[PDB]
Amino acid sequence: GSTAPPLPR
Amino acid sequence: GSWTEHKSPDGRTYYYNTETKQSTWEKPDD
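Protein chains in written order, with the numbering used here: chain A, 1 to 9; chain B, 10 to 39.
Do not take every clue at face value.
Computed list of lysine to any residue pairs in SDA-like fashion (alpha-carbon distance at most 25 Å, straight line) [said to hold, decoys possible]:
(1) B:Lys16 with A:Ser2
(2) B:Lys36 with A:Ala4
(3) B:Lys16 with A:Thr3
(4) B:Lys16 with A:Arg9
(5) B:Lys36 with A:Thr3
(6) B:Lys30 with A:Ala4
(7) B:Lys30 with A:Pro5
(8) B:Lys30 with A:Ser2
(9) B:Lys36 with A:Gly1
(10) B:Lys36 with A:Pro8
(11) B:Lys30 with A:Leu7
(12) B:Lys36 with A:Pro5
(13) B:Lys30 with A:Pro8
(14) B:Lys16 with A:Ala4
(15) B:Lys36 with A:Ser2
Pulled a few chain A residues facing chain B out of the computed Cβ check, cut under 7 Å [claimed, not checked]:
(16) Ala4
(17) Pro5
(18) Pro8
If you're looking for bench data, these hints aren't it; they were derived computationally from the structure.
C-beta atoms are modelled at their ideal positions from N, C-alpha and C, and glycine is treated no differently.
From just these sequences and the hints, can you work out the full model?
See below:
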């Protein structure tokens, strides 16, 4: 599960 | 609802809207 979405800013 | 509860690289948890392409540190239950 490496591929993941960006972090909330 | 169409968000996705993910896990930050630090050890936290952040959701991501797969319908509007967003993100948050809280559970989107609006």
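Structure-based check of all given hints:
1. B:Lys16 with A:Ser2: Measuring from Cα to Cα gives roughly 11 Å; hence the hint holds.
2. B:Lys36 with A:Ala4: Roughly 18 Å between the alpha carbons, so the hint for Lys36 (chain B) and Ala4 (chain A) holds.
3. B:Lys16 with A:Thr3: 12 Å, holds
4. B:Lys16 with A:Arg9: Within the cut-off at roughly 15 Å; holds.
5. B:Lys36 with A:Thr3: 21 Å, holds
6. B:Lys30 with A:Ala4: With a Cα-Cα distance of about 13 Å, the restraint between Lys30 (chain B) and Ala4 (chain A) holds, given a limit of 25 Å.
7. B:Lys30 with A:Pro5: 9 Å, holds
8. B:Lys30 with A:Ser2: 19 Å, holds
9. B:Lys36 with A:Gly1: Roughly 21 Å separates the two Cα atoms, so the pair holds.
10. B:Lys36 with A:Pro8: 12 Å, holds
11. B:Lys30 with A:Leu7: Distance ~11 Å between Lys30 (chain B) and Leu7 (chain A) Cα, so the pair holds.
12. B:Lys36 with A:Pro5: Holds: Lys36 (chain B) and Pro5 (chain A) sit about 16 Å apart, inside 25 Å.
13. B:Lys30 with A:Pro8: This hinted pair holds, its Cα atoms lying about 11 Å apart.
14. B:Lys16 with A:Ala4: 9 Å, holds
15. B:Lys36 with A:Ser2: Given that 25 Å is the threshold and the Cα spacing comes to 22 Å, the pair holds.
16. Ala4: Because about 6 Å separates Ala4 (chain A) from the closest Cβ in chain B, which is inside the 7 Å limit, the hint holds.
17. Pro5: Since the shortest Cβ distance to chain B is 4 Å, the answer is holds.
18. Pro8: Result: holds, 3 Å to nearest chain B Cβ.
Comparing the model with each numbered hint stated earlier shows that all of them hold.
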